[PDB]
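So this first bit is one chain, no partners, the form solved without nitrosobenzene (NBE), shown in structure tokens.
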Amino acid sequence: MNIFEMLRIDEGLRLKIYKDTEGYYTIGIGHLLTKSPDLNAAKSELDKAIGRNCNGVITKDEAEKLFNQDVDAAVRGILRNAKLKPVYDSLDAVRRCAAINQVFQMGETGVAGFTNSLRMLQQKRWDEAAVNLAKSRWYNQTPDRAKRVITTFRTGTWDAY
């Protein structure tokens, strides 16, 4: 297991524009295109992201290219966030994957607001952090995925995947 295999499980792979769990136009491996309800706006974002007129459809290679960019941007965003970087750097490699997964799904601003969970993670109070993390809209809206990510934070193992 690694961050790519982990997010591939959590996000799936779809080559045509679809709506994510929040109803937002998405493609590939969890590549959010737009929060606009206008499919044309989503198609415009897709074409801009890929560099050609896609008409709502991409190849697996293109999906994997956006995924590589999105993972890289997620972890670099963590390192550039003054609240997230010290917590991330305190973690072992497996728990760092859980952190990237959260930011990939929720955005770095949503994650950085998890002030009490982040402190428990930095303190290595793993069971307490896991309890706090589940007290969230994140968990209630995507409980099976959140349970996997939380188990990863709690144990530092890949048991949930």
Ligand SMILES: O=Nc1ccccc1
Given for the second form:
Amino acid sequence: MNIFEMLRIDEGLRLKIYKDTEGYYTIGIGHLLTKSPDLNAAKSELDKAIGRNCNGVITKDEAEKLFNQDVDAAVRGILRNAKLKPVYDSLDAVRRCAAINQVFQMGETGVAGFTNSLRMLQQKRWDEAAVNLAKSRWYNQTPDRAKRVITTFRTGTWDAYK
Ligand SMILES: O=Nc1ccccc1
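For comparison with the form solved without nitrosobenzene (NBE), provide the form solved in complex with nitrosobenzene (NBE).
The next block holds the full complex; its first chain is the one shown before.
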């Protein structure tokens, strides 16, 4: 297991524009296109992201290219965030993957409401952090995924992903 395999399980792979769990147009491996309800706006974003007229459909290679960019950008964002960087750097490699996963799903903004969870993670109070992380809109809206990510933070193992 690694961050790509982990997010691939959590996000799936779809080659046509679909709506994510929040109703937002998305494609590939969880690549958010837009929060606009206008499908034409989503198609424009897609074409801009891929560099050709896609008419709402991409290839597996194209999906994987967006995914590589999106994972890179998520990690680099954490490093550029004054609240997230010290916590991230304090973690082991497996728990770092849980942090990347949460930022990929929620955006660095959301993760940076999580002040108390972040402090507990930096303190390596793993069971306490895990309890706090579940007291969230995140967990209530996507509980099966949140449970896997939380187990990863709690244990520093890949048990929730096999
Ligand atoms: O709350 N988990 C996180 C820790 C460090 C960076 C991003 C998220």
